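S.K.: Position chains B and C against the provided structure of chain A, taking the given hints into account.
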Amino acid sequence: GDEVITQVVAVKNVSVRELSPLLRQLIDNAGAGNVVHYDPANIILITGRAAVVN
Amino acid sequence: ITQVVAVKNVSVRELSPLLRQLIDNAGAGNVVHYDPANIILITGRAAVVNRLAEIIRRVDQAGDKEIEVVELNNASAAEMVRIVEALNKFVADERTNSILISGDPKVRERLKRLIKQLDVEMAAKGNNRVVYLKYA
Amino acid sequence: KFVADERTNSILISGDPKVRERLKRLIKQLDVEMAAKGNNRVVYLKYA
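The listed protein sequences correspond, in order, to chains A, B and C. Sequential numbering from 97 applies to the first sequence in the deposited numbering. Just so you know, the second sequence maps onto residues 101 to 188, 203 to 250 in the deposited numbering. Sequential numbering from 203 applies to the third sequence in the deposited numbering.
Chain A with its partners taken away, still in its complex shape:
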């Protein structure tokens, strides 16, 4: 559905800052309210609509 939830998922292989521009492309591709925050401890944060967060 359209709900706003945060999802925490990992990419171990290389630091996920590498995805900041294209992920903010999906933060741009649709409506905002999102965050995608890349923890240097290497996990992954999204917040926003479950579809675009997907």
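A hint or two may mislead.
Claimed, not checked - Cross-link-like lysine-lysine pairs, in silico, BS3-like; alpha carbons within 30 Å at most:
#1 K203(C) with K220(B)
#2 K230(B) with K108(B)
#3 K239(B) with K220(C)
#4 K226(C) with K108(A)
#5 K108(A) with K220(B)
Derived from the structure by calculation, the hints contain no laboratory data.
M.R.: Quick look at chains B and C alone, frame taken from chain A:
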């Protein structure tokens, strides 16, 4: 009310912009102050102080890292050391002959995996042999 | 990248499951042991 909660894993100054986002997202009166002794201060409405403490604890609980101590009965610890050293943290003691670990409960999963991986002891090779001469 | 132990005499690997495919290939490739060459020989002198 003010809430004092910890993030041990890395210094919480790292959260100042996004936490002030929740100091911006709603009304002010808040403080979030990051003590270099590594604890955490919020002050403000219990709801926004909560979501703040949830981001905060979301960098607390996130990256967990500590030490393990696990017996190495067979493969020399210092060897375990060396043979992990090539991998790119780790301790062991050869008083005990035990891998110690510093890092993740993912490091705890995979490095209990490598606790187990090189524990094995090679079968005797008959390196030396006593031969009974029949004639000579 | 690559490791091994000669306690165990075992290749350890760091890298891909493509590195796992090809480097199980090279796990297997140089496992072979050369046949004995009769490097030394005891010769029975008939006369001298």
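S.K.: Which numbered hints does this structure break?
M.R.: As far as the earlier hints go, only 3 is violated by this structure.
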